[PDB]
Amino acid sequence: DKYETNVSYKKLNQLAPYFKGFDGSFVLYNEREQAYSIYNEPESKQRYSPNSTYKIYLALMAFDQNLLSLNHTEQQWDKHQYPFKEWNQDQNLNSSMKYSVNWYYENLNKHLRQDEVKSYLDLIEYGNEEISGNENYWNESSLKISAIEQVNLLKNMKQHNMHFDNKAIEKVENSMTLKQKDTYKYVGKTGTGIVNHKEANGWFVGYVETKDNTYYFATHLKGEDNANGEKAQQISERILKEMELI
């Protein structure tokens, strides 16, 4: 399950303590310096199920297929009771992304033919592009992507290299904007994969756009348990704060 790249990078092996209890990776790409920095290069290349981090691209696909459009991202909650209060309400793109509302994205994916998805995954080079698995191929199933690739895709998205409309990209960015300050925009998305009732796969990917640069990042956690997006985000924030990016 490995992404093969010979790209150079600055090693961040001193970030190891942040990853206590996990086989984790942190990948940073500094846009201005066109430079990667990586903690745990081997793990950086290992592809894992994206879980909710896939929602970023599923949203883009949905825009591209006009499932979503300007002033047209709402979905009404059918009153089905989910485990998370935030899912138990009407949604728009922002809320569905912030709260990782699976049903909203399942509803969008329903209108995407398998071949359309495959086409998009090819265009955006989404990891192994394998979607044979479950209907929810993005959730602890066949589709897997590495931390470095998560960064590459964010970068290609943000730089508008992807063949998605820029306004769609801006909408998706907004939907994953965690903090907007004068000094930076902090964008990120969690994912968590559960196997055997354990959190075994945690993601937090995003970027910090400052007044002069953009720092794309992906943190992955693998562990027997507790490897979840929340912890991945906590760790990411610790690192980004140590780096004085947020």
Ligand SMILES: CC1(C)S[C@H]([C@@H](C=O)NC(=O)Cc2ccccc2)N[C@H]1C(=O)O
Given for the second form:
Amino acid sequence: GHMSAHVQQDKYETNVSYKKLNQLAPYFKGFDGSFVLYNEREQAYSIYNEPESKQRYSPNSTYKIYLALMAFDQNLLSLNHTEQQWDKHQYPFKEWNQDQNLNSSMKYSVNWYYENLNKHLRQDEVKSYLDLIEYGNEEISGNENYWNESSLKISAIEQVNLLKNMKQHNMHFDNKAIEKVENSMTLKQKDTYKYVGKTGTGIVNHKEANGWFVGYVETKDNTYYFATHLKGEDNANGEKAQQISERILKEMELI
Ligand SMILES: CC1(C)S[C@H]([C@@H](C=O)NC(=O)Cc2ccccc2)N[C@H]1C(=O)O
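Can you switch from the form solved without this ligand and show the form deposited with this ligand bound instead?
Everything in the complex follows now, all chains and molecules, and the chain you saw is the first one.
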């Protein structure tokens, strides 16, 4: 068999049409970055950096969205049962050093909460889910934490497709599971919009080398799904990805 199979698995192949967003380049100074927007009503993609929008990268903590949905679907989590007790292990982030529910664990990106979830899910069940939802390369061979700078990788465009599929009820997850998960990542809720999203950060060679912020803005007549990805030697993290996203979104007058 050919190595090329593996190279081709590292990229999402689509020839979807898109509006070019090359004027967004200044926002990504210092990074190889990408921004993907999908306008639900107009059924239209807009993209800055198409090549980077199709490169698959470890999802890191953005994977927690689907890990939670999987857990609801397996009845590991339920609508009134999202609490996990802290094992008394001291982490460098104090918010991690306490009992959690779905809301706090997503807000504070509490790794151990989601590791526990993955621990209780059958590896072959997870593989089945990743096949169903078409999660990037679907590669969980890597470690035990296959979603953290490991085997599993996904592109910005796919990140956007998955959020859209989730919201348009194209996934087989219960609507109330989706509502719980959306609430856990709801950043802002006003009369005129709901703003939802999740950061991710990956460390490679002791540096912040992989940053994500993915989510959507739901208005009174439309939904705008987005993914921002940053690749850099250092300073490529979720917070910077979110900052950039919010500048772009404000500029587009969505938030
Ligand atoms: C809050 C985090 C920095 S930790 C968590 C997870 C997921 O990506 N990332 C990591 O475990 C890698 C990491 C650990 C410590 C500092 C930076 C990245 N999520 C990060 C985020 O939301 O940006």
